[PDB]
Amino acid sequence: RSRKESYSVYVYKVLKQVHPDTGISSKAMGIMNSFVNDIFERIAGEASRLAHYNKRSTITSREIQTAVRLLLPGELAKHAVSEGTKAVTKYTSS
Amino acid sequence: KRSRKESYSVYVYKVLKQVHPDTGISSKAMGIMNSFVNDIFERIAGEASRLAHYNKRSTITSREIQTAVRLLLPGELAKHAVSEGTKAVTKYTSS
Amino acid sequence: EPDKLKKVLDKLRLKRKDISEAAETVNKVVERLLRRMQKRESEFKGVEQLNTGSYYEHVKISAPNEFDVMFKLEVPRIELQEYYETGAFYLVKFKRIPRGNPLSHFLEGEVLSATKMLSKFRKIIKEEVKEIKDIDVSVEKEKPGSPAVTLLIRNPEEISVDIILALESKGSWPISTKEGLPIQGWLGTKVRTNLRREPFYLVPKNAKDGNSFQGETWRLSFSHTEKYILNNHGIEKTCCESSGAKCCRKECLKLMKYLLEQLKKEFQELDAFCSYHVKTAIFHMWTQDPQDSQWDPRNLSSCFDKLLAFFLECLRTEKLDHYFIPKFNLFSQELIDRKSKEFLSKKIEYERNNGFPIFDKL
Amino acid sequence: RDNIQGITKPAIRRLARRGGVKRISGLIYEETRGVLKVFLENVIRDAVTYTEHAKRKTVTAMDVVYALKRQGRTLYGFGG
Amino acid sequence: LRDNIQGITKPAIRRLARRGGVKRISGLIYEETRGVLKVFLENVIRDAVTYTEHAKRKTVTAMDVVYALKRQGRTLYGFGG
Amino acid sequence: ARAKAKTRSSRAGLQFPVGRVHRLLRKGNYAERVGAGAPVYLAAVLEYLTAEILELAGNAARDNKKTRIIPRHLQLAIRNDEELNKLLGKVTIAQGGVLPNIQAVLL
Amino acid sequence: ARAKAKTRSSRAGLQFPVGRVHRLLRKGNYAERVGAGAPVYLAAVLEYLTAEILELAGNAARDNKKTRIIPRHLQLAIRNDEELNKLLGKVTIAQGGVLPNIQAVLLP
Amino acid sequence: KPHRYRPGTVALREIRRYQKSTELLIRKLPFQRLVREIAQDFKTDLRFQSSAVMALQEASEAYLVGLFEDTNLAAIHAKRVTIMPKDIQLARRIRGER
Amino acid sequence: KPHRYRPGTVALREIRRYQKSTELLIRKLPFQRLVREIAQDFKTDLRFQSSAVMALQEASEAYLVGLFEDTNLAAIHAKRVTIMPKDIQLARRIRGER
DNA sequence: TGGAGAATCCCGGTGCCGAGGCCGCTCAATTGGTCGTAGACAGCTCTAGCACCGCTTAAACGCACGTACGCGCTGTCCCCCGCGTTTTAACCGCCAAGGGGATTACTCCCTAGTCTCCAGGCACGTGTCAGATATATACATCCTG
DNA sequence: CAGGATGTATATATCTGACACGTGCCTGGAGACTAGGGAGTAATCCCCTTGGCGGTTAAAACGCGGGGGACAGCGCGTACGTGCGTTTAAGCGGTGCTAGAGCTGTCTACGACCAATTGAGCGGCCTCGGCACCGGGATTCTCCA
Ligand SMILES: [Zn+2]
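Heads up: the protein sequence lines correspond to chains H, D, K, B, F, G, C, A and E, in order. Going by the deposited numbering, the first sequence opens with residue 31, and the numbers climb by one from there. Going by the deposited numbering, the second sequence opens with residue 30, and the numbers climb by one from there. Going by the deposited numbering, the third sequence opens with residue 146, and the numbers climb by one from there. Going by the deposited numbering, the fourth sequence opens with residue 23, and the numbers climb by one from there. Going by the deposited numbering, the fifth sequence opens with residue 22, and the numbers climb by one from there. Going by the deposited numbering, the sixth sequence opens with residue 10, and the numbers climb by one from there. Going by the deposited numbering, the seventh sequence opens with residue 10, and the numbers climb by one from there. Going by the deposited numbering, the eighth sequence opens with residue 37, and the numbers climb by one from there. Going by the deposited numbering, the ninth sequence opens with residue 37, and the numbers climb by one from there.
Hints are not guaranteed to be accurate.
As the list claims (entries may be wrong) - With beta-carbon atoms standing in for the labels, derived distance ranges: (1) K:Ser283 with H:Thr122: 30 to 36 Å; (2) H:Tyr83 with K:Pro327: 55 to 61 Å; (3) D:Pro50 with C:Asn73: 35 to 41 Å; (4) H:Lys34 with K:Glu188: 50 to 56 Å; (5) K:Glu186 with H:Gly104: 45 to 51 Å; (6) E:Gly102 with H:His82: 25 to 31 Å; (7) B:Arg45 with C:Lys75: 53 to 59 Å; (8) K:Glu381 with H:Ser56: 38 to 44 Å; (9) E:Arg49 with H:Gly104: 42 to 48 Å; (10) A:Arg52 with H:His82: 31 to 37 Å; (11) K:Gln226 with D:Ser32: 36 to 42 Å; (12) H:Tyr83 with C:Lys95: 24 to 30 Å; (13) D:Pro50 with H:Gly104: 52 to 58 Å; (14) C:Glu91 with G:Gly22: 36 to 42 Å.
As the list claims (entries may be wrong) - In silico DSSO-like pairs for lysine-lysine, Cα to Cα no more than 27 Å straight-line: (15) B:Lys77 with G:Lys74; (16) H:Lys57 with G:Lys99; (17) C:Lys99 with D:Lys108; (18) F:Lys91 with D:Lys57; (19) D:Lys46 with C:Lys15; (20) E:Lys79 with H:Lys85; (21) C:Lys15 with D:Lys116; (22) D:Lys116 with A:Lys79; (23) K:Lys190 with K:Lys323; (24) D:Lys30 with C:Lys36; (25) G:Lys74 with K:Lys323; (26) K:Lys162 with K:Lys152; (27) H:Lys34 with B:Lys77; (28) K:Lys391 with K:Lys410; (29) K:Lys265 with K:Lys288; (30) C:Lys13 with D:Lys120; (31) F:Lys77 with H:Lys85; (32) K:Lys464 with H:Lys120; (33) G:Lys74 with A:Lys56; (34) D:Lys85 with B:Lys59; (35) H:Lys57 with A:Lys37; (36) K:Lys410 with K:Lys382; (37) H:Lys57 with G:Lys74; (38) K:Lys424 with K:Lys350; (39) D:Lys108 with D:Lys43; (40) B:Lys59 with D:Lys108.
It should be emphasised that the hints constitute simulated quantities derived from the structure, not laboratory data. Think of the CB as a built atom: it goes at the ideal place given N, C-alpha and C, for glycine as much as any other residue.
Work the whole structure out from these sequences, hints included.
Here you go:
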């Protein structure tokens, strides 16, 4: 009667994709929740600041891409950017 | 065309003449004072934003600013800044 | 008449007598080769030969002048891409690898170029066996149609050894295998978990080339898991030991493999049938087999005929499941023409009705 | 009501072991008790500030997680 | 441009050390200091150039530098803030 | 005369939710407006990072002959990676433990 | 009608602008609504802190026989006070210098 | 005679044992008492969720382990193997907590 | 004979001189060249405002001074007066930059 | 415990450019009113923190013995510092050209807002199997005669 | 070295409670449509960044002598580790109670929005006085008998 939402459904789907015989504890599924929320807040705050620096009013894919390039180190940013651009490109083709 | 810009130089100068009626200020020192005011404005405002978001509220009130000041400033700075702020809001609401 | 079969099995044991000496000499040169490949500086630093045994039950072998060994190579984070939606051939890519992939020169863009890496493998192996000439050993280069580098040794006379590169991955036994290795109700679930925590292998083989990227396709290999299960072939893992009861599983396996070997070579039209078909079918027969009493050498001939019945039933309904990948069922007409499978059936009729005359050789 | 002597000497040796320490002088215990007291005082001051702002009486796990996150010591596994 | 890290002369590292309060300096300190300065500069200029590219400009302004420093915990007063 | 729904995560080809991320971006005081391709990008990135961590964790799990991932395995995944350990350098994982190391001088 | 205007900082009794702070709070994406007493509090606190810095800075400028504050005096003020040094602990002041300090072990 | 171990072997065994575990190395009732005593200065008649005390304990143990690592580094630097309060003071001074 | 000063006096005089000034202690043209060379790897044909190079120089000099302070502390800790690359490495390892 | 070199503070005069004040104006803050909804109280439920009581046993504690490690002293030998001469290249003043930042005007398309509808994700309930525990072995390592 | 003792990794047998599905349903996300304003674009100005040239002098660079500090070695003595027997209190299981968190409904005051006035703060212009800067003498401070 106090419905509260999380990310565990999608974390579990991803797990069944990468390791389709492995489970997860109940504390690891809390740690992954905290991790997703932390990274979300980081990326979103940096994109907000980026749009404020350039006198814009909207947050677009370009702000998210620049925020990802600012926050992730080294080869993490290259792969994350490729993932994002592939996803957006596939989405617009509909 | 000339693109008017804002700064806190007038108010920093008034405060200076009120605390030291004889001293002046350089221009690079005034730049440092502007950067300082912008910095701690941003700090307090962001802390009060987070506070309002944690507690399901959608408004920033003097209570949020009070507890953000208690979280950010250390020791006796917080005690005196809270006294100043409360005194000012009391005087203000009395029109 | 299991005595005739048993003495032909003994005959196989006399190939074995010739082949202990042949296999030891080849093994020794390859072993020396192995030690030499691990010291030289190249992308092949840690390359073991992967041991699946030496026995006929364990290795590729035919007429005494051809041997096979498996060389394994551990590979960094690998991502697979299905190319034959049957589920038998893959493209290989990498993942982030933050430190560095010491193989990027072997890739065409994002896909691993098997051809280039194999070319480097061939070059290095030929040069290295060329750099020490104790035993008269040379390299032969045949058509680039099946990627295997065959050494010819003149000691005592022609010894051929096809060297097959195999990549080793430790990751997860990909999803195409998810309901592979079904033994849970036969041996147990604890073994299956343990077996499936082992690594798996990818071997270069160009799936017939209705495709652009050639060589750049790989097939799955589970040679180590298969050797383990077969050498603990029974519901009682005590099989083939003094601690347990000798059964007729291995005898039937040798009987069908060699019978087929002789019949298929004497009628060369049917060469699309490989030794893996017999292993897959016997895997299915041993897993559905609930009874240890269904395998005992005194009933060798009856179990073997039952196996023949199993073989015809597998043939009949147009599918023979890959024991590790049920989604890839190799008994598709597109790789074996229907008439040829039935022609083999006719040959089976031929063998079954004639009282194994092809065994009346010596 | 000292309660700082309840962080015993074997417990401090165990914390030192987990950090890769082989030998330990005898004056390390009284120093690390003070260090721990300072750290706890800071974190609990901030947690109680967060608690009073919500007009609550109990300190929750989220107050602690926020007080930690605002000192650069983010903690995963207790909500958030 | 090449071989410009050598323009951080040794008599200048000595002055930075004097302002840092050190009395006697080894002879292997100068290469260490050049390497440390080079990685610091790389880390700051990468972020300043990311900001510049996002703004679609071609000159690096002082605000790009101030933001790149602020996002690493080295806030700098006096250049626009 | 409807167009029976097709989730945005399905169009993007993702497992993470695009509409929930859109809502969280709008009701979070980040900007006045939010573009149409921003939640797609952000959810793709979150899914990439999640998969990247979970794979190294399942590897550390199945090294210790385990089936379920525990926090120790997340910790071993984070700390044995010079980039994920730079992204989470000042994060503490509950029940995670430390990485085993002894200084050479102490042996 | 329309009695004479009166700035909000005049009523509050401050020298910092309450209207500009209200606008900067309403345009900075901090919350949906901003109460009426929040910019007054915030301007009072900003004014307190700037006067607290400028007093020490003018003292430092006077102890050098100078009538004009420069960044060096701001740095001296900040680094000498124990509570302003915890607030501005991770801040660099352009043209500020350091605090004269030599370790005792180095003296002759 | 029986089996006197030489000084430094049980210490290495304990290092290897506690670098492999994940438990909490401080007793829980004493820590909880200490937390309540510290908090009764900022506000009286407080209450604590169990999760709050567990979070505080996890954070404090992580802090102290991370500080003992730098203390060990400072000791090794000074050509020693025993850690002394000098090393804790140096570590906390370089880290910026002083 | 004339006035040989003993080793360590001009060093203390320089300490006192440079702890009293506010100037920049690195030449400006070499620093600007170094900055442009470093930046020409991330994007070619860039331009710089003078204020940008001045900001970079101020930040870098503040960084290096603050690092030499901790290097000196580590040297004093190790019972020395000469600073060595060991001390820089220890300082940057404790601070968390490694 | 001196006396002389040589930095360093202190006073004095000149001069220059930047801070401090005035003026004109424009746009952003104030006043006055209306409206809708966030939040403040008032009540009520029922979770979960707090206080207590036995009981077992694991961990803290205190003590003794001995050894290895910290610390102090001595001695040598490089290697950094202080000074002097040469050279090189920053720095300052200057002029010139053009790239690109910054502002304006115009138009379109992209996003917010609403309304209707239905499926996905949440809460609750089982069923069973991965893992925790206990016992028995075998291999690995440290230590001392 | 070579045995001897101890510790640790390794196999099995048993039981449990925590994880993985499965079901019911409600709330939040999707489909369709409209209306405005933000952003993309094109053109134009004019600032300021880059490039060059010439002279000067300050700083860097190179050499050299020597003294002081880093570093290795040797001895001693004491403080810390290891092991054992006592003793304290932590942990676990169970019971009872009530304070306080969490939610729900009502309503009222408070903050957004808008339209018209008007003064505060910004940009530009001008001028003197605070502060560099050079001389020139005073007075500290270091290095030896
Ligand atoms: Zn058998």
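> Which of the stated hints cannot be reconciled with the structure, identified by number in ascending sequence?
Replying inline: Result: hints 1, 3, 5, 10, 11, 14, 15, 23, 28, 32, 34, 35, 36 break, sorted rising.
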